[PDB]
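J.: So the chains spell out like this:
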Amino acid sequence: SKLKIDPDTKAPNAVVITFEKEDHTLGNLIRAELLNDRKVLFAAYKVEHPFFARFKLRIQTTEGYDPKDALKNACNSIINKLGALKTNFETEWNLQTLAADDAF
Amino acid sequence: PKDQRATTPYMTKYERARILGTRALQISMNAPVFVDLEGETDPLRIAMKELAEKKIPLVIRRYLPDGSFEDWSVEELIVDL
Amino acid sequence: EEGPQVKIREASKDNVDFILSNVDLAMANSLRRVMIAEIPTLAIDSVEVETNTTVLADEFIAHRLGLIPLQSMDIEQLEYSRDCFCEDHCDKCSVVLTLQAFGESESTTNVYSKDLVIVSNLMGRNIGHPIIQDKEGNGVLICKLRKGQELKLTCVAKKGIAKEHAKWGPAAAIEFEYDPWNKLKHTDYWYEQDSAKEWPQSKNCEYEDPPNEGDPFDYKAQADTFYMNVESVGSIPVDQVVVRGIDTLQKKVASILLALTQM
Amino acid sequence: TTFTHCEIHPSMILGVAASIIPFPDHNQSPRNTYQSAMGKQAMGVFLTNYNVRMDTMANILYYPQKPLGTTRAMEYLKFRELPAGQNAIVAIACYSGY
Amino acid sequence: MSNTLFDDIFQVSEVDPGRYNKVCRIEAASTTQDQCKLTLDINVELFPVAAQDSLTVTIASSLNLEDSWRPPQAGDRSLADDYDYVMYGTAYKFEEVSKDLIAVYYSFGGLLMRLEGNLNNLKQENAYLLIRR
Amino acid sequence: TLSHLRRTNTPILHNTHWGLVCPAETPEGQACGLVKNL
Amino acid sequence: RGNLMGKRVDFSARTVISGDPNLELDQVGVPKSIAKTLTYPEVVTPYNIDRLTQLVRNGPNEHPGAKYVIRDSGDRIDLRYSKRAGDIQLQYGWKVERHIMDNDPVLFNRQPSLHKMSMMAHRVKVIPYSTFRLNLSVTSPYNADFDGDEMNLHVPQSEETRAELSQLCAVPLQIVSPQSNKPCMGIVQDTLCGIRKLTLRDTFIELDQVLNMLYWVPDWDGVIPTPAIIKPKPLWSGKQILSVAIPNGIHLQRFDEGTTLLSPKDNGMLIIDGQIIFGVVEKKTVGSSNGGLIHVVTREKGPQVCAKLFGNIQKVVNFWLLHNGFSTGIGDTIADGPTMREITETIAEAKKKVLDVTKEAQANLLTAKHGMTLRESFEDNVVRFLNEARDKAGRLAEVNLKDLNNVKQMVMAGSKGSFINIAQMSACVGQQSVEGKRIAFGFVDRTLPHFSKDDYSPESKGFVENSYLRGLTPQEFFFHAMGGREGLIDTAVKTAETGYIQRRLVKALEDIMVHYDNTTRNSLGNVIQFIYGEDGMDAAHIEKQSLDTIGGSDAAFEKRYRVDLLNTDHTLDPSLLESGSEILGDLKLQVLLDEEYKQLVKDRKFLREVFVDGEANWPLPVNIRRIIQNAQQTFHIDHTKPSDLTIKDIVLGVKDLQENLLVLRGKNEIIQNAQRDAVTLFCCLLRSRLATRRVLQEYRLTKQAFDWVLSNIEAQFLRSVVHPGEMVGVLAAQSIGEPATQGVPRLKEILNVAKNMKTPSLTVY
Amino acid sequence: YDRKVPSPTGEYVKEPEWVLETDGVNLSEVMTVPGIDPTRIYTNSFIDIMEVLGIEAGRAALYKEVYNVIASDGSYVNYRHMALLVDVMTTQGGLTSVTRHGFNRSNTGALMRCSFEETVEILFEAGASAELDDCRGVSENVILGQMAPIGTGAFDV
Amino acid sequence: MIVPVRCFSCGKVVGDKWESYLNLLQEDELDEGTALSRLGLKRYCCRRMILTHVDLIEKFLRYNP
Amino acid sequence: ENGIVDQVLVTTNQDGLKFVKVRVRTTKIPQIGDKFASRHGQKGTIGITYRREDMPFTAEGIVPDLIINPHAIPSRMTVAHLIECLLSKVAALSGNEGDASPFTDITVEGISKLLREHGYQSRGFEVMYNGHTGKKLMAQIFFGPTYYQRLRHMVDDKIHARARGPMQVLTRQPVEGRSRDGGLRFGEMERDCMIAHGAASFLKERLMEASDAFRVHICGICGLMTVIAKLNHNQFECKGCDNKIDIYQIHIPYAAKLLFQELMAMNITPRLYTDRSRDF
RNA sequence: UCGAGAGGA
Ligand SMILES: [Mg+2]
Ligand SMILES: [Zn+2]
Ligand SMILES: [Zn+2]
Ligand SMILES: [Zn+2]
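Residue numbers (the authors' numbering), protein chains in the order written: chain A, 17 to 120; chain B, 75 to 155; chain C, 3 to 265; chain D, 736 to 833; chain E, 1 to 67, 78 to 127, 131 to 146; chain F, 491 to 502, 514 to 539; chain G, 337 to 1078, 1097 to 1119; chain H, 1287 to 1443; chain I, 1 to 65; chain J, 945 to 1224.
These are calculated hints, taken from the structure and not from any lab test. For every residue, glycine included, the Cβ atom is placed at its ideal position computed from N, Cα and C.
What follows is a set of in silico ranges between Cβ atoms, one per label pair, in the way DEER data are often shown:
id: 1; chain 1: C; residue 1: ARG11; chain 2: A; residue 2: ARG70; range: 38 to 46 Å
id: 2; chain 1: J; residue 1: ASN957; chain 2: C; residue 2: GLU106; range: 36 to 44 Å
id: 3; chain 1: J; residue 1: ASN957; chain 2: D; residue 2: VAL787; range: 18 to 26 Å
id: 4; chain 1: B; residue 1: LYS129; chain 2: A; residue 2: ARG54; range: 50 to 58 Å
id: 5; chain 1: J; residue 1: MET1210; chain 2: B; residue 2: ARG135; range: 33 to 41 Å
id: 6; chain 1: E; residue 1: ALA29; chain 2: H; residue 2: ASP1359; range: 53 to 61 Å
id: 7; chain 1: H; residue 1: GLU1403; chain 2: A; residue 2: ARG70; range: 53 to 61 Å
id: 8; chain 1: J; residue 1: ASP1101; chain 2: B; residue 2: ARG135; range: 47 to 55 Å
id: 9; chain 1: I; residue 1: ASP55; chain 2: J; residue 2: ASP1101; range: 30 to 38 Å
id: 10; chain 1: G; residue 1: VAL780; chain 2: J; residue 2: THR1051; range: 30 to 38 Å
Can you build the whole structure from these sequences, using the hints too?
T.: What follows is the structure in structure tokens.
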């Protein structure tokens, strides 16, 4: 129920999806990620009202490419990016801790 | 004086509204529906639809200052509202 | 790694200042917010009053208690009342402590968080211990008592998220910045005569090349480098805050992926 | 000139509530008047012995604060000891449109 | 892939900021064509135009086929993109200049162009302004 | 209380009032310009 | 009074209001608690018993539920104190008090109910907080303010009311208030301000947001517009952005003195098919002014579109501000030394002049102005003098304002703007006045203890030299305050005095209504007007238009009207029509040209009599001009080729249309005469703007198109006829009540005959 | 002052004009004064104008001055509304007032009349006069609680 | 009343320094800003909470009950 | 009613009559739409709240508390609302109590001069970031502390609605009083505008269906409320007229029914008839 | 049950 996926009605290869119990937190991230796809033809999102963590997002892509697969690839890329960031931070922090074991 | 009636053939917005309201009333009573149902569960929309394609069997007895009246069938009236 | 490049300029048990490059704006903003909001942590929820012979009102007191920072190393080992099948509460999803103080001498008796006594068993989990940054270790000043005032009460704290209520806020503050030289022209500095003098230079300016007047605006530029100083209240070390927030955002995206697979 | 006397201080011409008005000499008159008026409906603390006093319609602020920009009249007003309000952080801008 | 009905080189007569930080009002005289004068609003911020500059000015009568608006990334295959400042919009007006020239008016999202051409017999709704230099 | 204690009623602003009653502290409604404070 | 003319009622609610940018015009935020307290007694039918049954199963404890079930026998079953909610089976004709849901037409009221605009119904939009939501724009006609205003709620109980409300007080249906032939509402506050930044020439938008605004717009066509900027980078224009919101087919074309087809200042406003070209969007275009965008859209599409228009316009503007932001500050008020210095001399420049005249008066050399006392004239020039300096100071201050100045930006947009503010805000506040006079000697020959007796120096009599930012000296502060109470007194006094005036007027015209015979009588049937408003036309479809036949030189009108097919003076160009020499030399047609010309010539002198003032702009039905452009755009008419029209076709059509302008119906000549009288002015202009010469040279339309215009005109003309049964007097009274809240005792002097005049005077030519 | 005078060329032009403005009102005498335009003479005191010229002329006169008052603040309302009210003020062949001595002193339905500012007084007169109301009146219908014969109710379906 | 626990803006905990705050103010005879700096309240969003707070509790306790 | 027992006091008067006083307490948490006022006459109500992150934030990671529309300021001529923020801000940085007394030499110049010394924009501007993207906000925001206050008018204390509640006896009209389930006093104005709309029926509905609806019986012989209605027997009669056939049912306002009865007390004969004696 | 008074919109 957290994810309601429907096809768009105003353009081909287009879909509108609603995320429940979510806000711009994941919104801007996923939106930029999809915008970073070569094969996407359109992407954007919004919220009906501040009163809900209801998150409605429309996308369009090239022929023969599932927009749902676009989301999947976007998420995979994001998680890879986050793992890399975390590991970089872990190394940086271990060294900064060796430095900070004397001053905290 | 149905002949040479001294008024417009155009329905009045008030007249339109009253017709709509009466039909909504009788629909809510489950009166014989003059139209097929296209999912228009709203009685108000049912009335609006009958108005659109002209199936209301109503006639307005419009009054004049002198107390004289003209009876105008919705059939006679023109709907531009 | 080739991902976002991190360089800590300064680190402290209270706060850590660093630079994050090789990343887009959205990821930085998301990191900021997820740290701000989505972090499991422990906070006082249930307050049962045995006796209040104090000037301060009960609800006043409980409100303040809700603000007490807590040992939150292993909150992951702790669970949510929503999930936990215990009634009311239990150690698996809650921590129990008490406060019992009584005025003894006419002088004001300052009741501090250190007075708090953990009752439930931590299972050895590094959780629940009150957090004290006092030089004297007194702890947070809960309240004050008269010559012979009695105040006894029990508290049950539970695992929740700041987003649910600020009392679960582990993130004290987040300094955040980029393009100190405004090379991206994302702002038109307001000024009477000249922004250059009227506006002060941010300290980060020294770590980036000052722009050149003759340079055409590189419209292709993007905000890659970022400056972030994250300060925690004290519930958890800053490094843990960063790591855990990253992990939570990862979990959110992974849950999205799982929902996609489920449909 | 042959001045016979001198006001000990012009601010003396001011009123009780108006005394709470900061820099009143820079605002447009009726605006000042209204502020004096709302000063009769803002909450704070009425008296220290509220617990002793058995009354109705009490309203005690959880955390009264002394205004940053005080007025010389205040230290007679005792408003510093008994203020009503908070020095909140205000942002003069349009953010969400609401 | 285009059929531009106009093409000429214009020397920049004047550059006017017009109390704007990105766009300047610009006048220019067509090289070799005293009868062709160009008024144009240009985002100098992205196109560092200078006074007296000789710019290649033409209108994409037909879309310069790269071989709802198609997305960006139109650099994949080659077209009349050798130009530097390329705008799109509509032919605003077709005023007749003494039956000798046509002070046609154009708008580019509000950015305006006027040009005198009965010689440049171009007529349509929308096209692209192609500026090289 | 502070003002209300010093409040003054006018049974149903001149220069003389200068230095006597606050030209600003006046209620709204019909009382406006009638009820004064010292 | 307290029981019949007014009473308490039920099914009603009242609470404080709150805003919602995300909300539509006919929608309203309904506090969930209220919904749980208000329901509707709907009648069970086969087409709703299903959800009704479920609603009953939900019961009173659930937000989408019901509280009582009413059997046909009248058994108002209580589900609150009964488990029967899961047991009763609904039967047709049963009534169930269904919890008010969304989309339910409901009525509001902001008190005091000044006039009609106070009364609009809306659609329910439940919300989880304890206050009402209102779409920003509606407030002005509501005369609302979010300082904590409360508003009444009225919930209809009989569906006939639902429709009745839905067709008589639905928000869009009154978008134009007939009190002043202008939009009742418009864009306001931040949105008004923000647009200016959005629509300004200098703006540009990155694709990231352009993608966003499109889906942010609810009714977006789903089409990606082309970026204005291509080669150096993809980008669009705010003008482009706003155009997407606008619906197609709009052809508002406003010109200004600065309009030259180039408009470096982008004044005026020009849009084609919704595509913006010229003019920075300003209050004059999207405000409540009649000459603005909204009014046009209202007639070109109809109310049910404009509702979408607002939300579409609204939602965008707030967004683009969200990622831009907007603020102000003291810097917006401060100016440079030079500016203040210049102001400084300006004040001193006046002060000496005051001093100069002062000595002159002291000399007994200043003479008394005609019919006026030297004492007052001495003051009159004095107060006059001080006004200019205060005025010029703001003028001077205005010149040196930077574009970055937000307030200047605020004022230039017109959102709550006021020049005098900034001048007072920045320059000297200016003279204080009471009963329009300087400070009187409340003390013996003086005003305050700080001034010697018998002094008239500007400051000594209430002038203010310093600026608000500079801080008023006690002397200034006191004087400035004095004027305050004056305004304050009239503020309260009006809140009661106007109502008494207002109440009388309503009764005075209560039984005044329009009759189906196109006449006006009282409850006694006594005629008031033979033709309502003497034209039988509803004000709601009237707007000011040019009367071209009035203005211009005598030589002028003939040139722009007269055509000669025989001589050289007014030779028609044959190329204008597919027929050339076939027409030229045609005396028969030339005759046809004649009666029109003389007819127009008669009209010119006739209108001269009508409007002795020479003004050629007056409220009339149907914008002929607008329709013409629609025709041009209707088929993108080629105005460079001959047309198939013929003069006979032109001449007959105007004659035919005139015949078609039938408001009355009585075939008796007496009625027919009135019909001729009613449309007299309108037909004259019709002849004017439909003159063959104008029809040919300027308006190069096709025969098919030209006729389509005629058919188009009559359609609107008929639609514009005032409806019968109108409670016009009540409307007219309200038309007077409103402006009363904003000379006025003079009005009261009018309403109450009061033979004893206050200010008797004569005007002698 | 100037005037919008159509010039011999056909165009309206500014024509400066001298006009006398004075205190008081006496049309009877001034109208006899030579060297003036008696026809164009205007004044504030419409009440006198009506007496001087006629009820209908005053009706227009009232509009002008009323228009001036509304125009005085720069606001605008449609011509019709202004015209409607004044015309009512003269239907009785005289300058009717909207006060208790004018509009109220009518011959309409008492129930309509009673609800204005005087109720009990008129009530006695009605019984004294054995008056009877038509029920066409709104408030009378309101008192009855019946759909007034107006607008949406001005007709029978 | 009594010192708030967390910075209204930051949430940074402060209901522990009141004692040291007054110590520096009186025992060290410093100006307010000096101590606040010594207290680590770099952001004026934090400084404000402490510069303005008026201790009323000490007065309430003066009552016998 | 929402609260708990705070204190109960039991005592007697000088006469020994027992008296009890009960104190209860609750904490009101600022709700949307609650009135706030400045120290300058600026007022308003709460629009909507957010979480710290959502609101725009400073480079130094500072979250604003309250946001107000700039448009309000210049139109209302309230500079000091800005000035205090400047001086107040300086006070916080300088940690020195401010002085807002009038007619002093204090001026923006030294104030702003001092601010720049602390290292902040002399006019109080600051560079903010969108609380949704983090993208730098194109404009700069006026930002700083200020003293506000909370006014007694509580939204939850204002809400009020009802339907089919108790109705007041004298007129069978809806009772009045929020605590007493009061109605809304439908005044003269509303119907007037309704008349303008012309929604007569919806006028008939409220005045009738909302209240005062009542069935009455009238004698054709005399338009007087004198009909005996033996509903238990379906038997009717008008004594004096002794007519058992000219009885008609009518729905009239209950309050009006009293008026006629009041009028009949006045000795007036406002006889009513459903049959217009006029022919044409 | 009335009366008064405060306050809001
Ligand atoms: Mg208000
Ligand atoms: Zn547990
Ligand atoms: Zn802080
Ligand atoms: Zn009888």
